[PDB]
Amino acid sequence: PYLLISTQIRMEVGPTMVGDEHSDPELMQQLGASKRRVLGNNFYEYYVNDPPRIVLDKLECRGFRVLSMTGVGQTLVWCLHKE
Amino acid sequence: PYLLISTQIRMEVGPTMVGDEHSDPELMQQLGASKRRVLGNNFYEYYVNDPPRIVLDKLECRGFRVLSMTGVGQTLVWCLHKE
Amino acid sequence: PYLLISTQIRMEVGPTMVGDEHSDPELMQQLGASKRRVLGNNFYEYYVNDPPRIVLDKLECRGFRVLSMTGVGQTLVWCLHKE
Amino acid sequence: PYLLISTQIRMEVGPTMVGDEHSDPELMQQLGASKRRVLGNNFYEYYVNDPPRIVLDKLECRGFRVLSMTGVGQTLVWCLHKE
Amino acid sequence: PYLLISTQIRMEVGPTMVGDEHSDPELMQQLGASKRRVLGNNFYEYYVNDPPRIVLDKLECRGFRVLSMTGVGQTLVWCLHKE
Ligand SMILES: [K+]
Ligand SMILES: [K+]
Ligand SMILES: [K+]
Ligand SMILES: [K+]
Ligand SMILES: [K+]
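Chains as they are written, first to last, in PDB author numbering: chain A, 1 to 83; chain B, 1 to 83; chain C, 1 to 83; chain E, 1 to 83; chain D, 1 to 83.
What you were told as hints is all true, and nothing was included just to trick you.
Just so you know, same-sequence chains aren't split out, so a pair can sit in one copy or run between any two.
Heads up, simulated EDC-like pairs for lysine to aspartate or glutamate below, C-alpha to C-alpha not over 16 Å straight-line:
(1) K82 <-> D24
(2) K58 <-> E26
(3) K82 <-> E60
(4) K82 <-> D57
Simulated from the structure, these hints should not be mistaken for laboratory data.
Start from the sequences, fold in the hints, and give me the full structure.
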C-alpha cells in the first residue's frame with residue numbers, strides 16, 4: 001500500500017495533508033489527524049498541524065518508507081510505501 | 001514494462017489518467033478505466049475517477065511498483081514498473 | 001552508461017526526444033529514430049514519434065532501466081541506466 | 001529518522017537551510033548552524049552559509065543518506081534518511 | 001561524498017556545471033573541467049562543454065552513480081553519490 005502526504009512551501013511548518021476521504025481511519029487516528037473540508041474544495045481530507053519532517057518520522061514507526069518526493073506548484077509531495 | 005499515470009492537483013480526488021490509446025486494454029478494464037477524447041486533443045486517453053492513491057494500490061496488486069514520481073505544471077506523474 | 005529521453009506534455013503522445021548527436025548510432029536505429037535540427041537548433045536531436053511509454057518499454061528490452069524521472073518546464077525527462 | 005535541507009538556486013552557494021525549530025539541537029550544533037527568523041516569516045530556521053554539497057557530505061558522516069531531491073519554485077530540497 | 005551537476009534546457013547540449021569553488025580539484029581535472037566566474041556572480045564555478053549524458057558516463061567511470069534527478073526553473077540537476 002501507498003501513501004501521499006503534502007505541504008505548501010515553506011516546508012518547516014505545517015499543516016501537512018495526510019489523506020483523502022477513504023484513507024485508513026486507524027492510521028489517520030494514529031497520526032492525530034482530523035477530517036475536514038476546506039471551503040472551495042468539494043472533498044474531505046485528513047491533516048495534522050505538524051510540519052512534514054515530524055510526520056515522516058511518525059510514519060517510519062508505522063512501517064512506511066519514503067520512495068519519492070517532488071514539487072508541483074508550491075506544493076511538496078511525498079510518496080510512501082509499506083509492504 | 002512501464003506504466004505512466006497522472007492527476008492534476010489536488011491529488012486527493014480524481015480523475016486519474018492511466019493510459020495512452022495503445023495501453024493494454026485488459027489492464028485498463030481491470031482498473032475500471034474509460035476512454036475519451038478531450039476537446040482540442042487529437043488523441044484518446046484512459047482514465048478512472050478514483051484518486052491516485054487508490055489507483056497505486058490497485059496496480060500494486062497487479063505487480064507494479066512506483067519507481068518515480070514528479071511534477072510538471074499542475075500535473076503529478078508516477079512512473080511504475082513491473083518485471 | 002546513461003540515457004536521457006524526453007517529451008513535452010501531454011505524455012500520452014509523441015514525439016519523444018531519445019538522444020543527442022553523440023548518441024549511439026546503433027541504439028538510435030533499433031528505436032527507429034530520426035536525427036534533425038529544429039530551426040534555431042545549432043545542434044541535432046534523435047526522436048521517434050512514439051509516446052514515452054512505448055520507448056521506455058523498448059529500452060527495457062535493451063537492458064536500460066529507469067532510475068529517475070522529473071519535469072522541467074513543460075518537459076518530462078527520464079534518466080535510464082545500464083550496466 | 002528523516003532530515004530536510006534546502007537552498008535557492010544557484011546550488012553552488014549558500015545559505016543552506018538545515019532545519020525547523022524542533023530540529024535536534026545537537027545535530028544543528030554539529031553542522032555549525034545558526035538560528036534566525038527571516039522577514040516575512042514568523043518561525044525560526046537553522047541555516048549555514050556553506051553550499052549544499054558540503055552539508056550533504058557532513059551529513060553523510062553522521063549516517064544520513066540522500067533518498068530524494070526535488071525543486072519547487074526556486075528551491076532545491078533534499079530528503080535524507082538515517083537508520 | 002556527493003556531487004551536484006546541472007544544465008539549462010535543452011539537455012542535448014552543454015555546458016554542464018560540475019562543481020562549486022570548493023570542489024575537489026583533482027576530480028575536476030579528470031573531467032577536463034575549466035574554471036570561470038560568470039558576470040553577475042560573486043562566486044566561481046567549474047564547467048565543461050559536454051552535454052549532461054557524457055558527463056554522467058565520465059563520472060560513472062570514477063565511481064559515481066546517479067541517486068536523483070530534478071528540475072528547478074530551467075535547470076536540470078543531478079545528485080550523484082560515491083561510496
Ligand atoms: K507548510
Ligand atoms: K485531481
Ligand atoms: K508529447
Ligand atoms: K543558494
Ligand atoms: K544545456
